[PDB]
Amino acid sequence: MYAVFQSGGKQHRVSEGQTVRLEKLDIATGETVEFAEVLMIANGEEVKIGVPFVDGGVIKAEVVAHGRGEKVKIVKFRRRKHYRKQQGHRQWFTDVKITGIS
Amino acid sequence: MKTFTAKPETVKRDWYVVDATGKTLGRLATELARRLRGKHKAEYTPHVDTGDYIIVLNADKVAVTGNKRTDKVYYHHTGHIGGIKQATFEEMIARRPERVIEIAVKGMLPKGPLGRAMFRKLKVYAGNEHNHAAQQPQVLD
Amino acid sequence: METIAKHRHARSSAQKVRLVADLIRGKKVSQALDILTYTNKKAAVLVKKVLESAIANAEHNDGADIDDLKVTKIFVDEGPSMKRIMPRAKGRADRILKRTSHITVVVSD
Amino acid sequence: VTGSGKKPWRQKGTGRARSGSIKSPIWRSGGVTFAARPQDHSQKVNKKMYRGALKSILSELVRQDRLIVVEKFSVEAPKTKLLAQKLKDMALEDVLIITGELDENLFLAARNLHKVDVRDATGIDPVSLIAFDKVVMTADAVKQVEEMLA
Amino acid sequence: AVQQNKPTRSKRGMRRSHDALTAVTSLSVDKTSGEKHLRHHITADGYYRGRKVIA
Amino acid sequence: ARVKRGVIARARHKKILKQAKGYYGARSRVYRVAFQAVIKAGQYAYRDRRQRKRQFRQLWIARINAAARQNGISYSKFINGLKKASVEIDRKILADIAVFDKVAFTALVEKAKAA
RNA sequence: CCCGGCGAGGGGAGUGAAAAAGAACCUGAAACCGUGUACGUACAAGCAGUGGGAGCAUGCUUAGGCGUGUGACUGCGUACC
RNA sequence: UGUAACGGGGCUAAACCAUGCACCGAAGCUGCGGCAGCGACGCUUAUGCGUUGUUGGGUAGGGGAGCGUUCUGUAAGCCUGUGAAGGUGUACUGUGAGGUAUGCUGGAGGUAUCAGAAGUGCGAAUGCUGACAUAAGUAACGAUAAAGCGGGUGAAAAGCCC
Ligand SMILES: [K+]
Ligand SMILES: [K+]
Ligand SMILES: [Mg+2]
Ligand SMILES: [Mg+2]
Ligand SMILES: [Mg+2]
Ligand SMILES: [Mg+2]
Ligand SMILES: [Mg+2]
Ligand SMILES: [Mg+2]
Ligand SMILES: [Mg+2]
Ligand SMILES: [Mg+2]
Ligand SMILES: [Mg+2]
Ligand SMILES: [Mg+2]
Ligand SMILES: [Mg+2]
Ligand SMILES: [Mg+2]
Ligand SMILES: [Mg+2]
Ligand SMILES: [Mg+2]
Ligand SMILES: [Mg+2]
Ligand SMILES: [Mg+2]
Ligand SMILES: [Mg+2]
Ligand SMILES: [Mg+2]
Ligand SMILES: [Mg+2]
Ligand SMILES: [Mg+2]
Ligand SMILES: [Mg+2]
Ligand SMILES: [Mg+2]
Ligand SMILES: [Mg+2]
Ligand SMILES: [Mg+2]
Ligand SMILES: [Mg+2]
Ligand SMILES: [Mg+2]
Ligand SMILES: [Mg+2]
Ligand SMILES: [Mg+2]
Ligand SMILES: [Mg+2]
Ligand SMILES: [Mg+2]
Ligand SMILES: [Mg+2]
Ligand SMILES: [Mg+2]
Ligand SMILES: [Mg+2]
Ligand SMILES: [Mg+2]
Ligand SMILES: [Mg+2]
Ligand SMILES: [Mg+2]
Ligand SMILES: [Mg+2]
Ligand SMILES: [Mg+2]
Ligand SMILES: [Mg+2]
Ligand SMILES: [Mg+2]
Ligand SMILES: [Mg+2]
Ligand SMILES: [Mg+2]
Ligand SMILES: [Mg+2]
Ligand SMILES: [Mg+2]
Ligand SMILES: [Mg+2]
Ligand SMILES: [Mg+2]
Ligand SMILES: [Mg+2]
Ligand SMILES: [Mg+2]
Ligand SMILES: [Mg+2]
Ligand SMILES: [Mg+2]
Ligand SMILES: [Mg+2]
Ligand SMILES: [Mg+2]
Ligand SMILES: [Mg+2]
Ligand SMILES: [Mg+2]
Ligand SMILES: [Mg+2]
Ligand SMILES: [Mg+2]
Ligand SMILES: [Mg+2]
Ligand SMILES: [Mg+2]
Ligand SMILES: [Mg+2]
Ligand SMILES: [Mg+2]
Ligand SMILES: [Mg+2]
Ligand SMILES: [Mg+2]
Ligand SMILES: [Mg+2]
Ligand SMILES: [Mg+2]
Ligand SMILES: [Mg+2]
Ligand SMILES: [Mg+2]
Ligand SMILES: [Mg+2]
Ligand SMILES: [Mg+2]
Ligand SMILES: [Mg+2]
Ligand SMILES: [Mg+2]
Ligand SMILES: [Mg+2]
Ligand SMILES: [Mg+2]
Ligand SMILES: [Mg+2]
Ligand SMILES: [Mg+2]
Ligand SMILES: [Mg+2]
Ligand SMILES: [Mg+2]
Ligand SMILES: [Mg+2]
Ligand SMILES: [Mg+2]
Ligand SMILES: [Mg+2]
Ligand SMILES: [Mg+2]
Ligand SMILES: [Mg+2]
Ligand SMILES: [Mg+2]
Ligand SMILES: [Mg+2]
Ligand SMILES: [Mg+2]
Ligand SMILES: [Mg+2]
Ligand SMILES: [Mg+2]
Ligand SMILES: [Mg+2]
Ligand SMILES: [Mg+2]
Ligand SMILES: [Mg+2]
Ligand SMILES: [Mg+2]
Ligand SMILES: [Mg+2]
Ligand SMILES: [Mg+2]
Ligand SMILES: [Mg+2]
Ligand SMILES: [Mg+2]
Ligand SMILES: [Mg+2]
Ligand SMILES: [Mg+2]
Ligand SMILES: [Mg+2]
Ligand SMILES: [Mg+2]
Ligand SMILES: [Mg+2]
Ligand SMILES: [Mg+2]
Ligand SMILES: [Mg+2]
Ligand SMILES: [Mg+2]
Ligand SMILES: [Mg+2]
Ligand SMILES: [Mg+2]
Ligand SMILES: [Mg+2]
Ligand SMILES: [Mg+2]
Ligand SMILES: [Mg+2]
Ligand SMILES: [Mg+2]
Ligand SMILES: [Mg+2]
Ligand SMILES: [Mg+2]
Ligand SMILES: [Mg+2]
Ligand SMILES: [Mg+2]
Ligand SMILES: [Mg+2]
Ligand SMILES: [Mg+2]
Ligand SMILES: [Mg+2]
Ligand SMILES: [Mg+2]
Ligand SMILES: [Mg+2]
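Residue numbers (PDB author numbering), protein chains in the order written: chain R, 1 to 102; chain J, 1 to 141; chain S, 1 to 109; chain E, 52 to 201; chain 0, 1 to 55; chain Q, 1 to 115.
The reader is advised that the hints may include incorrect statements.
[Claimed, not checked] Derived, one-sided and incomplete: chain J residues facing chain Q with beta-carbon distance under 10 Å:
| # | residue |
| --- | --- |
| 1 | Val17 |
| 2 | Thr21 |
| 3 | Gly38 |
| 4 | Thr45 |
No lab work stands behind these hints, which were simulated from the structure alone. Where is the CB? At the ideal position from N, CA and C, for every residue including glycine.
Please model the entire structure based on the sequences and the hints provided.
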């Protein structure tokens with residue numbers, strides 16, 4: 001049932017139904033996305049690739065949320081050279097629910 | 001998606017026997033350490049003792065190349081005022097033939113609690129009889 | 001009922017009184033009162049008088065019954081220290097602390 | 052600060068941090084490094100800037116419709132009760148009643164009223180014109196202020 | 001002489017582990033009067049092994 | 001205008017002592033010591049976001065190298081086998097497949113055996 | 001009123017809006033010291049954390065998983081001025 | 001002080017030579033997301049950007065923009081005994097200094113906004129004052145002239161009284 005696909009400059013081994021967090025997409029809050037970048041599909045018989053991507057495989061997903069992650073603190077500190085720096089960071093994400101491993 | 005880690009309670013432990021008779025010390029020891037650490041398993045996790053139990057029988061018959069039967073020395077300090085005790089590879093096998101493999105494996109394991117935990121897995125023996133026939137330890141080469 | 005009693009400003013340091021109070025903890029009042037009779041310490045007499053008070057305290061005011069009464073919470077807290085000059089050799093002075101303790105006992109069932 | 056210029060203890064030998072006075076600001080009780088002094092904060096303002104500013108703020112009262120210009124504005128007798136009753140007709144409460152001929156009857160009936168100030172046409176101010184919600188100016192006062200600002 | 005750098009709550013506690021003093025848990029009972037006392041010691045009233053031997 | 005500074009200082013110390021919560025001894029209790037701990041924690045935290053991406057790659061590589069040698073091929077030849085077959089799949093997932101779906105994984109080792 | 005030595009001190013009673021406003025009296029921080037719980041800890045070496053991470057305890061929901069508390073093992077890592 | 005002149009185990013290749021091909025390997029480069037500086041540029045417009053190029057390690061030091069504290073004006077306004085300031089948690093929230101909301105404690109003050117002024121921010125100065133630790137329940141308890149017992153008083157007696 002499971003399938004592999006490349007999204008936010010990186011790949012996810014996803015099953016049908018389960019939610020997946022991934023890097024922010026230019027999509028609305030409750031629209032839909034099609035990944036034709038599918039790298040692998042597994043079942044009884046595995047449809048692996050001798051080329052880039054499969055052939056007629058498309059992962060259809062529905063966008064759930066559009067949040068920001070946990071705040072990461074960034075402390076740059078140079079011992080004895082009168083230098084330190086502080087910086088927050090909340091990375092943006094997009095939860096997608098998978099609704100079709102073709 | 002967080003990756004898999006082998007959870008101790010779920011870890012499958014296998015038993016093995018290795019006959020060291022004529023085998024090269026380092027090349028045996030290495031292949032032992034690889035197994036004892038659990039590197040061969042696809043569920044390898046560095047902070048868990050995934051490796052297998054190994055019985056090394058016929059330790060005394062282990063072979064060494066060149067002049068290392070006489071030349072290879074095993075030093076150790078007694079923790080005393082001037083107590084440095086040495087012992088050649090012959091003298092080592094004459095007295096304690098289990099130590100030869102033990103020391104060669106222990107050096108190749110990691111250092112620390114898990115390193116010591118994965119040494120416990122190893123069971124060296126001077127003779128050919130082993131009293132672990134309960135576990136059905138299968139033959140390894 | 002819990003029925004507290006406590007000696008505040010008890011002229012004995014915490015560390016010493018707290019040594020006795022570790023004997024009596026989750027013990028029957030009758031068994032605890034005995035111990036302090038045969039504990040050879042100044043804080044035993046100091047801690048007993050609080051417990052023996054906490055029993056009368058418990059029986060008269062609230063709960064009654066001496067048989068079913070255990071020391072549930074005993075504790076010693078460090079009270080105010082009285083500073084004093086203790087003069088030493090070569091002119092130099094030290095500030096010695098006459099320490100006090102707050103002894104509480106809680107006699108429940 | 053009161054105290055002596057004695058060294059509390061000598062420079063060496065003691066383990067203490069080398070001190071020179073009981074009055075030093077790093078010591079408790081006495082010091083304050085850069086003590087204050089009485090000082091004239093009255094900063095200088097160019098005549099033309101002051102006039103220009105009045106001319107400016109006095110023109111925004113026309114745009115914003117705060118400036119209620121009127122004919123003769125004077126109360127009957129020195130009584131706050133009356134002045135209070137006559138501002139109720141005009142829908143006024145917070146005001147700066149600027150007048151040419153400063154009359155005792157009016158000036159003495161606006162002391163106790165907190166929301167009513169009665170300046171003379173000569174004694175208008177930058178902050179006052181801005182502060183008050185309306186400005187009820189007398190035709191003579193407009194004529195005096197016109198000639199004053201120019 | 002003199003510590004290089006101060007010990008902790010922890011160490012101090014570890015040291016005090018053995019300072020905990022033990023109770024008696026071994027009180028006798030006089031045959032006649034039935035009064036509690038230390039073994040091989042007389043009672044408060046003045047008994048030892050069921051016989052008054054003191055005023 | 002004299003400015004007392006007890007309200008602010010306390011808030012500033014109390015903030016850092018909240019980040020030092022969990023640390024041994026003075027490192028949780030004592031601002032002067034905590035503040036160092038909280039900085040070094042941040043330095044190490046910044047460092048280890050870099051090291052996390054290294055450690056896991058190693059971890060995966062060692063899983064793949066184990067799982068491939070059960071099928072008779074070493075990691076070095078396997079990745080060249082995959083790259084010469086233009087397979088774009090990463091170490092993260094290969095290591096995930098190696099553990100979970102070995103019957104699937106075997107197909108990649110055959111796919112690599114072609115090249 | 002009670003315990004204690006007609007003690008100190010305390011528990012009740014009562015006064016008060018309030019008595020952790022009881023004269024050591026508004027608020028009552030921190031260091032420091034305890035008592036109680038949860039988890040860890042008696043074959044393990046080092047700036048004591050940080051990446052990773054099992055288990056146990058937990059509140060929730062719910063038949064999803066979390067959030068916390070702890071932190072066995074493990075990679076890296078010699079405070080600040 | 002101890003093997004102590006491969007880091008170690010251990011190796012006749014796990015050594016050297018020569019050739020090849022893989023592969024690992026960094027905060028390098030690439031990918032994806034986000035922020036900022038600077039130049040352009042279509043010429044937008046008074047700047048958001050189809051962008052477009054590119055920078056963005058940093059001590060002394062220069063330049064730019066901010067947060068927060070007490071005080072003055074806006075304020076006889078606004079918020080507050082249906083709970084202020086303060087204290088103590090929690091949860092959100094901004095690149096940061098921070099901010100917001102709120103449970104408990106507290107029991108009367110607080111203050112938006114945009115301005116104005118500073119005793120405007122502390123970890124170090126063998127800084128200053130108070131508190132509190134540590135060593136530690138450790139050394140010590142001040143002449144090595146000496147106590148002992150019986151009775152008395154007393155809550156209690158080695159020390160007080162006879
Ligand atoms: K209070
Ligand atoms: K180390
Ligand atoms: Mg932050
Ligand atoms: Mg290492
Ligand atoms: Mg002396
Ligand atoms: Mg003297
Ligand atoms: Mg002189
Ligand atoms: Mg000193
Ligand atoms: Mg002064
Ligand atoms: Mg000036
Ligand atoms: Mg030192
Ligand atoms: Mg304890
Ligand atoms: Mg001791
Ligand atoms: Mg008897
Ligand atoms: Mg003031
Ligand atoms: Mg401040
Ligand atoms: Mg912890
Ligand atoms: Mg704390
Ligand atoms: Mg890497
Ligand atoms: Mg590749
Ligand atoms: Mg009575
Ligand atoms: Mg009485
Ligand atoms: Mg009495
Ligand atoms: Mg008396
Ligand atoms: Mg009486
Ligand atoms: Mg009385
Ligand atoms: Mg009393
Ligand atoms: Mg009462
Ligand atoms: Mg009452
Ligand atoms: Mg009442
Ligand atoms: Mg109240
Ligand atoms: Mg009270
Ligand atoms: Mg009451
Ligand atoms: Mg209170
Ligand atoms: Mg009094
Ligand atoms: Mg006090
Ligand atoms: Mg008090
Ligand atoms: Mg007072
Ligand atoms: Mg009051
Ligand atoms: Mg108070
Ligand atoms: Mg208090
Ligand atoms: Mg506190
Ligand atoms: Mg437990
Ligand atoms: Mg346990
Ligand atoms: Mg356990
Ligand atoms: Mg254990
Ligand atoms: Mg253990
Ligand atoms: Mg240690
Ligand atoms: Mg270590
Ligand atoms: Mg650690
Ligand atoms: Mg379980
Ligand atoms: Mg469980
Ligand atoms: Mg956690
Ligand atoms: Mg290190
Ligand atoms: Mg290291
Ligand atoms: Mg030597
Ligand atoms: Mg060496
Ligand atoms: Mg030499
Ligand atoms: Mg090397
Ligand atoms: Mg060597
Ligand atoms: Mg060979
Ligand atoms: Mg050469
Ligand atoms: Mg070479
Ligand atoms: Mg070559
Ligand atoms: Mg990298
Ligand atoms: Mg880069
Ligand atoms: Mg590029
Ligand atoms: Mg980019
Ligand atoms: Mg820079
Ligand atoms: Mg800003
Ligand atoms: Mg601003
Ligand atoms: Mg503010
Ligand atoms: Mg103000
Ligand atoms: Mg004011
Ligand atoms: Mg006023
Ligand atoms: Mg109002
Ligand atoms: Mg109001
Ligand atoms: Mg309410
Ligand atoms: Mg309200
Ligand atoms: Mg309200
Ligand atoms: Mg409230
Ligand atoms: Mg309320
Ligand atoms: Mg409140
Ligand atoms: Mg104020
Ligand atoms: Mg507030
Ligand atoms: Mg509380
Ligand atoms: Mg707390
Ligand atoms: Mg509020
Ligand atoms: Mg409320
Ligand atoms: Mg209240
Ligand atoms: Mg008042
Ligand atoms: Mg007031
Ligand atoms: Mg007010
Ligand atoms: Mg406020
Ligand atoms: Mg203001
Ligand atoms: Mg000025
Ligand atoms: Mg200052
Ligand atoms: Mg400083
Ligand atoms: Mg300070
Ligand atoms: Mg004081
Ligand atoms: Mg003692
Ligand atoms: Mg000692
Ligand atoms: Mg001694
Ligand atoms: Mg002594
Ligand atoms: Mg003596
Ligand atoms: Mg003496
Ligand atoms: Mg004597
Ligand atoms: Mg008598
Ligand atoms: Mg008597
Ligand atoms: Mg008497
Ligand atoms: Mg008598
Ligand atoms: Mg009497
Ligand atoms: Mg009597
Ligand atoms: Mg009596
Ligand atoms: Mg007597
Ligand atoms: Mg006598
Ligand atoms: Mg004597
Ligand atoms: Mg006599
Ligand atoms: Mg006489």
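Hint-by-hint comparison with the structure:
{"no.": "1", "hint": "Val17", "verdict": "violated (20 Å)"}
{"no.": "2", "hint": "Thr21", "verdict": "violated (26 Å)"}
{"no.": "3", "hint": "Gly38", "verdict": "holds (9 Å)"}
{"no.": "4", "hint": "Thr45", "verdict": "holds (8 Å)"}
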